[PDB]
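All chains, full assembly: derive it from the sequences and hints.
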Amino acid sequence: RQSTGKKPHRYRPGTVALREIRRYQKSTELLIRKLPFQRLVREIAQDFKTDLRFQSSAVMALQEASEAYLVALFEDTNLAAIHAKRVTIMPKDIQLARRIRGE
Amino acid sequence: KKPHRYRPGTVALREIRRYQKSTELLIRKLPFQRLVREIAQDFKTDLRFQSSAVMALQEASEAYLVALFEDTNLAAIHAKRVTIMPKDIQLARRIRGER
Amino acid sequence: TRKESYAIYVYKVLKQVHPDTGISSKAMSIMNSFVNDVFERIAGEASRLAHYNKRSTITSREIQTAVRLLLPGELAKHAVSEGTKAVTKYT
Amino acid sequence: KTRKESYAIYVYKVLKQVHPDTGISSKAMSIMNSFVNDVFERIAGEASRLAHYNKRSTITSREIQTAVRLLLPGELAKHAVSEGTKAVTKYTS
Amino acid sequence: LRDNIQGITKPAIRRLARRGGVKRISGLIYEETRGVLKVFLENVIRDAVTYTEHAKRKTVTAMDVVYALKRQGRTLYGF
Amino acid sequence: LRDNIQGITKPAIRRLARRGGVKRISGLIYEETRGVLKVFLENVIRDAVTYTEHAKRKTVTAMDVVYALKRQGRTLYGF
Amino acid sequence: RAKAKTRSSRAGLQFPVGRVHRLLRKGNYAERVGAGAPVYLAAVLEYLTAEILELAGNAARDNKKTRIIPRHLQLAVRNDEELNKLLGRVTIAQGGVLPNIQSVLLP
Amino acid sequence: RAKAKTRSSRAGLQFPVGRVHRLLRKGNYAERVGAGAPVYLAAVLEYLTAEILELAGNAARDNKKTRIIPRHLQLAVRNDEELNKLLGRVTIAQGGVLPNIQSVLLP
DNA sequence: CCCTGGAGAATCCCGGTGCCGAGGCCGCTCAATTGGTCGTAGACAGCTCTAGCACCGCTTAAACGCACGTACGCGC
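In order, the protein sequence lines correspond to chains S, O, V, R, P, T, U and Q. Numbers 8 to 12, 36 to 133, taken from PDB author numbering, label the letters of the first sequence in order. Numbers 36 to 134, taken from PDB author numbering, label the letters of the second sequence in order. Numbers 29 to 119, taken from PDB author numbering, label the letters of the third sequence in order. Numbers 28 to 120, taken from PDB author numbering, label the letters of the fourth sequence in order. Numbers 22 to 100, taken from PDB author numbering, label the letters of the fifth sequence in order. Numbers 22 to 100, taken from PDB author numbering, label the letters of the sixth sequence in order. Numbers 11 to 117, taken from PDB author numbering, label the letters of the seventh sequence in order. Numbers 11 to 117, taken from PDB author numbering, label the letters of the eighth sequence in order.
Keep in mind the hints are simulated off the structure, nothing from the lab. Careful, some of the hints might be misleading.
DEER-style ranges, computed between Cβ atoms [claimed, not checked]:
1. R/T29 <-> U/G22: 43 to 49 Å
2. O/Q76 <-> R/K28: 57 to 63 Å
3. P/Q93 <-> S/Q125: 23 to 29 Å
4. U/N110 <-> R/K40: 56 to 62 Å
5. Q/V114 <-> T/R23: 54 to 60 Å
6. R/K31 <-> T/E63: 54 to 60 Å
7. R/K40 <-> U/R20: 56 to 62 Å
8. S/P43 <-> U/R71: 55 to 61 Å
9. U/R71 <-> T/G48: 56 to 62 Å
Computed list of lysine-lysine pairs in PhoX-like fashion (alpha-carbon distance at most 20 Å, straight line) [stated by the list, open to error]:
10. V/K82 <-> V/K54
11. P/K91 <-> T/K91
12. V/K82 <-> R/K28
13. U/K15 <-> V/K40
14. T/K31 <-> S/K79
15. P/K59 <-> P/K31
16. R/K40 <-> R/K28
17. P/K91 <-> Q/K74
18. O/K79 <-> R/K54
19. P/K59 <-> O/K64
20. V/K31 <-> V/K43
21. V/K117 <-> V/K105
22. R/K117 <-> Q/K15
23. U/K75 <-> O/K56
24. R/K31 <-> R/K54
25. T/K91 <-> U/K95
26. P/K91 <-> R/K82
27. R/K82 <-> P/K79
28. R/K54 <-> R/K43
29. V/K117 <-> U/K15
30. T/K91 <-> Q/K95
31. V/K40 <-> V/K54
32. V/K31 <-> O/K64
33. T/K31 <-> T/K59
Non-contacting residues of chain T with respect to chain R, defined by C-beta distances greater than 10 Å in every case (computed) [as the list claims (entries may be wrong)]:
34. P32
35. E53
36. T96
37. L97
We put the beta carbon where it would ideally sit given N, CA and C, even for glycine.
So, in structure tokens, the structure goes:
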């Protein structure tokens with residue numbers, strides 16, 4: 008308490047984005063890191079009940095389920111974006127997708 | 036004289052207010068019943084339907100179509116539009132997983 | 029024949045909470061179907077909960093877990109409190 | 028130790044029956060086992076519901092047939108019904 | 022029985038969209054709504070047909086349609 | 022444990038959108054996606070907590086997570 | 011044979027405990043059903059019934075009606091957020107939807 | 011007694027009829043389980059397993075891999091329209107989604 | 001301003017390691033299989049009777065269509 012205080039490549043946007051789309055769509059490995067998601071899970075669980083533990087496989091299942099759900103939500107958001115004559119997604123598109131889904 | 040000439044949208048709002056508070060069935064009973072009969076004819080030629088079965092089918096179809104129209108209108112407002120489009124219906128079915 | 033119905037219990041519950049209002053046949057049928065569907069949902073959730081941990085019985089904790097799994101928000105806590113009060117008054 | 032029921036060797040035998048030149052990983056095996064468990068639970072629950080709605084105490088082959096027509100859509104359901112009918116006729120022969 | 026998909030008339034679809042709060046209704050969305058209704062009916066009525074066939078009955082009751090809608094997460098009350 | 026909602030990093034959400042075929046990703050999508058993920062986790066983890074409290078266990082297994090995902094129509098295989 | 015007292019009256023309840031117990035027993039749900047399970051189930055059903063009927067009566071008084079009509083029941087279900095989330099997959103006959111209009115739709 | 015011939019070989023089946031019957035009996039579904047119901051269930055399960063494994067093997071051959079990985083199973087489920095309608099509400103771990111690109115995305 | 005030739009960098013086919021998870025094998029034991037025996041749900045025959053199928057008057061609100069223009073869909 009006691010303290011007083036030559037020319038570069040220059041890739042245009044969109045092509046590398048489609049390259050990453052093609053790379054991760056055919057990929058298999060998990061995009062979200064393990065320990066940040068685990069710490070978020072523990073922080074969320076501590077609001078409901080304290081002194082709670084999660085096993086490694088339960089954290090794995092939660093991470094894969096959340097990744098699949100967010101991937102499906104992003105697919106619906108992008109579909110609404112092209113539906114709205116756009117290529118950039120907006121949070122209102124996410125809210126619209128959640129409202130249509132009923133959640 | 037001149038006619039009153041309601042602007043486009045006012046009678047739409049009047050119909051929205053009238054039907055959003057009235058619980059009457061908008062689809063006529065006999066054409067929906069006969070559509071149900073020809074649809075069931077493809078699965079069973081010797082089949083009959085109770086009146087309350089057609090009533091339940093009509094109410095469920097009306098509620099499903101009203102929810103689909105609500106999602107279609109919300110997607111249209113999301114897409115800077117006020118007119119509902121078939122592509123909005125396709126998007127609503129694809130998000131709901133029925134497409 | 030005799031058909032089981034939940035009309036009179038819902039009617040006396042209505043008279044307990046609001047004695048100045050009545051009910052119709054269609055409203056009674058909606059309420060009967062609603063209570064029956066909630067019955068099947070909660071009973072099936074309790075049956076699955078018993079089947080998960082090799083439990084051969086369904087207790088009040090089964091119904092409480094089914095209520096917290098199905099009912100969201102403060103509705104589940106209010107239903108759990110009402111069930112606990114009914115259980116304590118039963119014994 | 029404790030014997031846990033699983034369909035690993037059965038799905039493996041099915042794979043060797045239809046594709047005698049490939050293998051299967053344990054993660055894919057567990058995914059197939061979870062799929063079999065979920066489909067078994069869904070069809071069993073549908074058959075139990077169908078028995079309950081007709082006030083009938085037993086589950087027959089017609090209950091499973093109605094369950095797989097209700098759950099599976101289209102040509103998959105028709106082929107499942109044909110395979111089930113063939114298996115019932117072979118079992119009773 | 023043929024051409025009963027036109028039995029869902031244009032003002033019926035108009036009223037259905039007015040219940041859903043739609044401002045403007047296009048001219049091409051009536052056929053799409055008829056197709057969506059046809060798909061939904063070809064699912065639900067077929068499920069009720071299977072229920073009636075298992076129920077040893079030749080008349081589709083309201084109860085069979087009730088659990089046919091229930092099994093797809095669209096449970097209907099009052100029948 | 023505080024400020025754990027920022028553990029899901031911005032390029033993690035970018036990669037998740039890349040898996041979904043999203044062309045361009047806005048700067049305001051990250052907070053909304055974090056909120057949606059927080060709501061989904063606050064539902065699923067709470068359901069798993071109730072499942073674990075029912076079985077008189079102190080740590081939550083993957084089977085309870087599978088049951089909590091299955092009861093909401095989002096069944097998960099492989100666990 | 012002593013005096014026949016129902017379990018609903020002993021628990022201070024109106025919903026039938028015995029009928030719930032019989033439907034649980036003949037509903038092939040479990041091999042055994044406990045004593046407190048039908049009491050808890052009937053208490054939860056009674057609380058949900060009382061809440062829904064109270065909200066329906068409030069909606070009927072808002073509509074100057076003294077008889078509960080399925081429009082009032084639909085309004086009561088969709089007005090409560092908990093009831094709307096719980097009954098999201100529920101179709102209600104003769105109920106319609108809420109009379110809500112979007113902001114951009116107004117002239 | 012006689013030879014303990016399995017019911018799977020009697021019906022020309024590979025999935026266990028006895029295990030299915032036991033799981034139906036202890037699974038709190040019905041008071042009784044018929045004779046042909048486990049045979050029908052095992053036949054349906056074997057047909058679904060064979061179709062899914064054949065599609066997964068075809069997807070693995072397109073990728074030219076010998077061992078079946080969860081990517082092959084996810085591709086098998088999502089590529090088939092019948093399996094897509096059957097498993098629309100199914101999340102498959104370690105599988106991703108279909109690698110499809112919208113028409114307006116390419117420049 | 002558009003078409004065509006040359007090159008930087010992410011991506012794809014390929015040779016060599018090997019290793020760690022997948023395939024096959026040893027028991028054996030606990031769940032799968034065989035036979036009998038009843039209570040009992042279920043298949044089958046006759047009655048019926050209350051609700052559904054088909055047609056008819058009619059009339060009237062519901063629906064197809066044409067004329068006009070201004071909010072809105074679409075192009076820039």
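Inset, instruction - Against the earlier hints, flag every one the structure doesn't satisfy and list their numbers going up. - result: 5, 6, 9, 10, 14, 16, 17, 18, 20, 32, 36, 37
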